[PDB]
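Below you will find one chain, with nothing else, as structure tokens; this is the form solved without its partner chain, and questions on how it binds or moves follow later.
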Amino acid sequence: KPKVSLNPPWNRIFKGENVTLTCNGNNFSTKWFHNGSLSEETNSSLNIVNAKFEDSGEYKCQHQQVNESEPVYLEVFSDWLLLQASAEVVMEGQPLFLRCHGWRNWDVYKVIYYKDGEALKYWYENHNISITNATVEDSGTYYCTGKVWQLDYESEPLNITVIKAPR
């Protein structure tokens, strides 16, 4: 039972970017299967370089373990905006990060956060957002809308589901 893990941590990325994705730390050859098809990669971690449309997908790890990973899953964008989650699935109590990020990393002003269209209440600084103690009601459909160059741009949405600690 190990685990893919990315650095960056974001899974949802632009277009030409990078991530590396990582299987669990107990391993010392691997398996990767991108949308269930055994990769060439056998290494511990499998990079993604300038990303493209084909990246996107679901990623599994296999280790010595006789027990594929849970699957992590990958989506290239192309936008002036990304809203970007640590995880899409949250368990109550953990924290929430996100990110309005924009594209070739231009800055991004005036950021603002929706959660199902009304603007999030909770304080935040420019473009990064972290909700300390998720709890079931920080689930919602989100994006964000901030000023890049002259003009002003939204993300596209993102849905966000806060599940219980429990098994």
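Throughout, rigid core stands for the largest set of C-alpha atoms superposing within 1.5 Å between the two forms. Positions refer to the first chain, counted from 1. First, how it differs from the form deposited with its partner chain bound.
- For the residue set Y109, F53, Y122, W106, core-aligned C-alpha shifts between these two forms reach 2 angstroms or more at a single site, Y122.
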Second form
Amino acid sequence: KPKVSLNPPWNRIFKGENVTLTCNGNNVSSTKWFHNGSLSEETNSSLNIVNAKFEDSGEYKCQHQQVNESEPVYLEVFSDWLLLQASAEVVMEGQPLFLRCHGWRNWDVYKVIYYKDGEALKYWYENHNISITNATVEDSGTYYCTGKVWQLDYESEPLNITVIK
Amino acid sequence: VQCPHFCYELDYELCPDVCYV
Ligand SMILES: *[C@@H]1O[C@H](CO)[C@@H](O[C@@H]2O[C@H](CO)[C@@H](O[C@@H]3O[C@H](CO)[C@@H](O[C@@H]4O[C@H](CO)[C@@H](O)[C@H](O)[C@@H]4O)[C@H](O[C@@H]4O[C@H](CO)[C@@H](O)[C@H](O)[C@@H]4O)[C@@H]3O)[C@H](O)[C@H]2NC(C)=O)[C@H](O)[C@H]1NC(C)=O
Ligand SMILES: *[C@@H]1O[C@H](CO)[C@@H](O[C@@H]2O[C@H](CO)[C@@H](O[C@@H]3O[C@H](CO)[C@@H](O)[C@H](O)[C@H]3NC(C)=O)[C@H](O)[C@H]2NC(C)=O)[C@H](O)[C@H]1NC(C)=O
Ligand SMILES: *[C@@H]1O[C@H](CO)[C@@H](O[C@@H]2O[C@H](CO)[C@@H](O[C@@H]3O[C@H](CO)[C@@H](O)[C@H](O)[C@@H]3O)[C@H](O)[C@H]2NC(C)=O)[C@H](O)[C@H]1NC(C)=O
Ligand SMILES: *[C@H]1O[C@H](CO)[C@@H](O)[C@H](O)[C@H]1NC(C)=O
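To test you: the structure above is the form solved without its partner chain. What is the structure of the form deposited with its partner chain bound?
Below, the chain from earlier opens the complete complex, with every other chain and molecule after it.
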């Protein structure tokens, strides 16, 4: 039973960014990559996505010599001013949860506010990540952030985050 | 969605899609 991992860990990213999916390397032979069900021409344990296009969005799976395939990993490509990024959208109670109010082309974001279910959780003048050290079921809900890029105010698309047991 | 001038002034479009069309 293998498992795909992302680096950076963000499943949600901007059009043009880069991400690398890694097939749980442990225990050499070959690595099969499935993008949207189709077999990709990649054979390494690490599939490199560069200059991400919307097309790159979708389900990804890897297969080693362990018969069974890996659990699906969904990647989504956006193109907005701010994008709320999460270390994971389904967290297990007890583990950390990381949220990042990511700005277009890495441009500066000021007056960053993170909201949960409509409520403003934290404010930061300089952009800053929000980190939930010990995830609680209470921490579930729909999050989003707002900030200022190029002196203008922008809001990010909401993201559902669920913390199970 | 309001975008800065440069998104339209410049040659190449540097801003998110939400700014165009
Ligand atoms: C793997 O599976 C993925 C899903 O799991 C799949 O993701 C989807 O890919 C689409 C592109 O292949 C994503 O983009 C959408 O593409 C259209 C096409 O450009 C884009 O604009 C549209 O263009 C059409 C023709 O050029 C027009 O007829 C249409 O009116 C529209 O303009 C979409 O953006 C739009 O922006 C509009 C405002 O500017 C808005 O009104 C529209 O509603 C729309 O948002 C759009 O980006 C699509 O988002 C992807 N879906 C998801 C959930 O991410 C991958 O493509 C698959 N890849 C492979 C290799 O299989
Ligand atoms: C996603 O990964 C890409 C790497 O494949 C990055 O894009 C490439 O970045 C390089 C450097 O930024 C560019 O090439 C060279 O860059 C050096 C130093 O920056 C210059 O001295 C060289 O002149 C330049 N080479 C040339 C021929 O001009 C690449 O051109 C550039 N693009 C591509 C398609 O390779 C992305 O920056 C990276 N994105 C992120 C967010 O990390
Ligand atoms: C993220 O979580 C929110 C909150 O639970 C989800 O919102 C809910 O979305 C469903 C549909 O997906 C809504 O139900 C539908 O409502 C319409 C209108 O009443 C009805 O015609 C349908 O039969 C269905 O019942 C639900 O009302 C809505 N709730 C809230 C508070 O917004 C949302 O779907 C999740 N987002 C994603 C992308 O999964
Ligand atoms: C959450 O898990 C931590 C371990 O990091 C534990 O010490 C703490 O007591 C737990 N919190 C709650 C409210 O159970």
